[PDB]
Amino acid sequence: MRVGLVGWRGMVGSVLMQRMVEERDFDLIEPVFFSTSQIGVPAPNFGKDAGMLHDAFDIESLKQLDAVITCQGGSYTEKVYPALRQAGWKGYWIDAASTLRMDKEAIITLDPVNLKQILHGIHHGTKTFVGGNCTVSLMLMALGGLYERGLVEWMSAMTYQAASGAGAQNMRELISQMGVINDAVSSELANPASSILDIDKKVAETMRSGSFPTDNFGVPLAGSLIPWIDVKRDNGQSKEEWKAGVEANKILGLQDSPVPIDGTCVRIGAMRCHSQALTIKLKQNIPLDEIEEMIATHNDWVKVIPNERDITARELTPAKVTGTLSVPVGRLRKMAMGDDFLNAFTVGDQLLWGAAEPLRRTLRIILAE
């Protein structure tokens, strides 16, 4: 099967390859790599020889591919996806960008959760599959048990989003900022007896000095947070706080009867793991004993973390999760407001499940058919 990869050198594109190499995905497909900067040059060899690089903007070149997995982003998809369809391409388009997520002809992929919805589409046309928003898919990879059973009346989400979400450049800024802040009070920290409030004062001035590296975020992220992600919408939500409902239901396939979901999406200085604090409103007071099972059983990556202090500290943090496909969820307890009020805190790598993993898995699926 002739599959082209686009935007594969990018940040997501890279995790995508690492994983395809790990799962030997390259053993069931004839790969063709795409670039926009220097066609003709040899192509990467992750294991097998894949010839040269091809023109990612060449509609004619793509027409000869059965599959296209692009992590090249929206601006690319907007031009090339259309051009490719109208030119009669009936092949499979596996995209990471949000562009086609809300299109009728496109299925948002997250099999662990919606394998059903995917297979229907596979046999019944559907050639355009898009991955879901980093926040939503990690959320579902944790609360998959409850949702799949329509057990949820509504959910309130307050997030702790990693910088990776914004782009590679932002991660760099985050660590530069952390650097710039230590640099300001480096010595004073050494002297175990300096003035704590003086250390603070400086740190504050620094983050405040225009010379603080904020070209990518606009304001400081390290040592602060930004209670707004993406563009403002008509009502009060941001497109980030919005992709929540619309996209979540689409997957759950329940748009004319959708579970209410809203909350505040905040950026915190974490590298690549999104974290969420959910106020889950269930419909029927269910024993926590059973919520854990439904949850724990939904898929092989969600991991329930005993609501015990010490272990939660080791286990439910960006620190532990980053880089892994594990999706911890803990602090599971009924809340001060009724036994149909379930509290839950989850951590998840945004580059894997929140972006790349679904894509490669989807391929393996479409193949098993």
Second form
There are 2 protein chains.
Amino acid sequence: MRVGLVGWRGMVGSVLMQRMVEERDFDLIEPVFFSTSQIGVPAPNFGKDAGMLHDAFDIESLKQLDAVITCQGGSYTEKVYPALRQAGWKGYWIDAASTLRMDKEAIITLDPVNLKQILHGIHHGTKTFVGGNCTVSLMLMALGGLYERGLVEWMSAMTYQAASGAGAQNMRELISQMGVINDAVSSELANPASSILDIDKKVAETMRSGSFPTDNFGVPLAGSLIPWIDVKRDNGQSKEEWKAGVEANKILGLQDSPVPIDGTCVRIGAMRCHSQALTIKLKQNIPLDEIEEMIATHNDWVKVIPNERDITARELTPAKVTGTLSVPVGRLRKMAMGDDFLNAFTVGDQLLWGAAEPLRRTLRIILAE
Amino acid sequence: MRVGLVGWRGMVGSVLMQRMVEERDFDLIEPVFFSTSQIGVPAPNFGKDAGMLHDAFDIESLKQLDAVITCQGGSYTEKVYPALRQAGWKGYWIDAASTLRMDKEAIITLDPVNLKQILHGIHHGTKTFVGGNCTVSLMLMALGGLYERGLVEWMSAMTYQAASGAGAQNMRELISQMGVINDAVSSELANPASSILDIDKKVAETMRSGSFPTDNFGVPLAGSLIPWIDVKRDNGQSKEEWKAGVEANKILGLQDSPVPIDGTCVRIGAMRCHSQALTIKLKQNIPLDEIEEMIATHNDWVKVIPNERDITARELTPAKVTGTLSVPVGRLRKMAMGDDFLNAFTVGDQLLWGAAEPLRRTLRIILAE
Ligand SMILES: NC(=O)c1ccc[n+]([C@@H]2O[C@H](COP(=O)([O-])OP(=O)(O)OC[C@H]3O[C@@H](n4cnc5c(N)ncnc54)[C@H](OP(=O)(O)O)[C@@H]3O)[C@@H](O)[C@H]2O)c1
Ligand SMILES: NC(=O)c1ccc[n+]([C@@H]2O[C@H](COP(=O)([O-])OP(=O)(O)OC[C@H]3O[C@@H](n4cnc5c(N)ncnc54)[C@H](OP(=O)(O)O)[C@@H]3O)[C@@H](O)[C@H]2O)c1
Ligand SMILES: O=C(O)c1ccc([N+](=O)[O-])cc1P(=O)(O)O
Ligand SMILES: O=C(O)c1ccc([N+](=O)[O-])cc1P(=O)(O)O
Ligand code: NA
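After the form deposited without ligand 4NO, can we look at the form deposited with ligand 4NO bound?
Shown next: the complete complex, the earlier chain at its head.
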């Protein structure tokens, strides 16, 4: 199988490359590396020589491939994909970008949840497989055990989203903001006789100053939060909030009778883990023991954390989860509203299950068929 | 009126002192400053001379006061209050601590919401007035318009709570953690060609290192979050999550038919403003514009922020609200679940309406009678 790699060099792509090396995916394919910036020089060597960098925009070159895996982004997909299909290419397009997710000829891939849908697609001529939004993938990796059994009536999701979803420059800006805050009060911070109100005043002033580094976010993130991600939609949702409902229901095959999913998506000062606080309305009063079992046994990465303070503080956080494939879920309990209302809190790495991991797993599934 | 000040030197106390000076509250009283560790030292001079610091545990000196305002804490209240009352003191005990909130003898003071309850109490011999929990006070300042009309069937609250709620040392530790994070990668950040994954790897290593300053939180807060605040209760709630339902319903006089309030309380890396993402179940499908009107007309400090991207990012954040008495609420819209589900996101300063302001306002109400 001859597989083209586009966007292998960037943040998401680099995570994907490391995972492909770790799982020895390159043993199974003939990789062809593409560039949007410079061609003809040696391709990267991740264990074996792959020749040269090819032109990511050349239709005839792409037509020679059995599949493309792209992390290059929506601008790239919009430019290349329609022409490539119009020219007769029947290969597999495996894409991280949002561009094609809701296309009638694309399947959103999250195989621990929807392997059966993926396999049906592959066997019946579907050639486009798109990774879902970070928030969607991470929520379903935590709650797949409930959703697969049709037990969810609706879900409200309030999120705590990392800088990495906006990009590497945004992550850098977050850390720079942290430095500028600390710099402003370093002379008084450690002195207990210094007024905490004076420290606080200076932090607030520094954050509000024009020179505070805010080119990417537009406003401060460190020391604060931003309760709006992406463009407004006419019903008053942000695009980020809208994605949850439409993508989750496509993945689950419920488009004609969807589970309502809604809430507020909030950016917070974390590097690359998204967390979500969920009000889950169950159709029936399911005992918490069964809920816990159904969640825990759904897949190999979800981890149900006991509902206790110390273990929660250690396990159910970005500090614990960052850079790992683990998807902890905790604070699982029935709520004051009734025994059909379930509280849950979950954390997951945005670059792994939220970006790169579904792409490499989709490749392995296609290979095995 | 002779008024004793206890806990005036701490964080909450210092905010109270600042506000009392700003509003010239000291012109209306005879202030007597007390201490737990500095007896005999000259008292602070806020305009006029108040002599020396008195003994906060000496019952007989406290007995000469017409009122006590205390920000010293629950363990202080636990020892001095019962002893002071039993010795026949009938003065006004005005307290920020949780200890007496749910005592039959005490009124929870949040006068923009429950002034009538407060005055009825004053007129019928109630002498104990206690500030509510920071999250409860801030939520009712935002949504008082809906609660006072009996429109809320239930509410789920997922919170984004600031460091100040845990204490001054915790705020310092947050800022220290921010510096330690930036320090670890400041060279790489200054080089525009550096690898984002390398920066990310170093940040994670730094946050996980034994040397990371985590004595007060127990785990990292900068770059992370902690989805547990305060001690565990038997039904799986933390004490922080439980406080909302019991305190709000007492403030609203709804103990005979309380509104269910529940959710997850999460500490994030903000300095001194709590934010809350609310799923509000309404009893009736009221038009959105009338909802906004009910909310906005309830009190002088609540503000409706239009549901638009740029203004939300600028106005509905800790960076905007910090150190002010403003209580913005935005992202007001009906949710996917139905037109009787209302999304709301609100931000408020933890030290003002969430701690010090109800104390000085209660003093002013008593004086005014
Ligand atoms: N999940 C997310 O993080 C997210 C969110 C929203 C949008 N996006 C979109 O998806 C795309 C991929 O996300 P990303 O975070 O992986 O983007 P990224 O790190 O900026 O990488 C994107 C591309 O930039 C090019 N590039 C230019 N200079 C580079 C340098 N010095 N180092 C590495 N690459 C360089 C590379 O393509 P060549 O090798 O062809 O030059 C690379 O594949 C983004 O460009 C963006 O449009 C991603
Ligand atoms: N939900 C919660 O659990 C929660 C939330 C907020 C506050 N609280 C509690 O409420 C109380 C007041 O809160 P806070 O944040 O104002 O506490 P704080 O800043 O520690 O002040 C409390 C007292 O500590 C003493 N103190 C000792 N060293 C000091 C120093 N270097 N500078 C200033 N004061 C010093 C002061 O009393 P003297 O002048 O008598 O020495 C002061 O009145 C605390 O006991 C806190 O634990 C609890
Ligand atoms: O917006 C997105 O969801 C998204 C996610 C990942 C990637 N990238 O290819 O890894 C790109 C996009 P987008 O559609 O380019 O903005
Ligand atoms: O726990 C609380 O709610 C609380 C809040 C404020 C204050 N303090 O006096 O300002 C003290 C307490 P706590 O009852 O001491 O823990
Ligand atoms: Na700026």
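Shifts are known only where both forms have a C-alpha. Residue numbers count along the first chain shown, from 1. We call the rigid core the largest set of C-alpha positions that still match within 1.5 Å between the two forms.
Just one of the listed positions, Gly218, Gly88, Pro227, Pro192, moves its Cα by at least 2 Å between the two forms when the rigid core is held fixed, and it is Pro192. The two forms line up on their rigid core, and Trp154 then has its Cα shifted by 0.3 Å between the two forms. The rigid core superposition between the two forms gives a CA shift for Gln38 of 1.1 Å. The rigid-core fit between the two forms yields exactly one 3+ residue run with every Cα displaced by 2 Å or more: 190-193.
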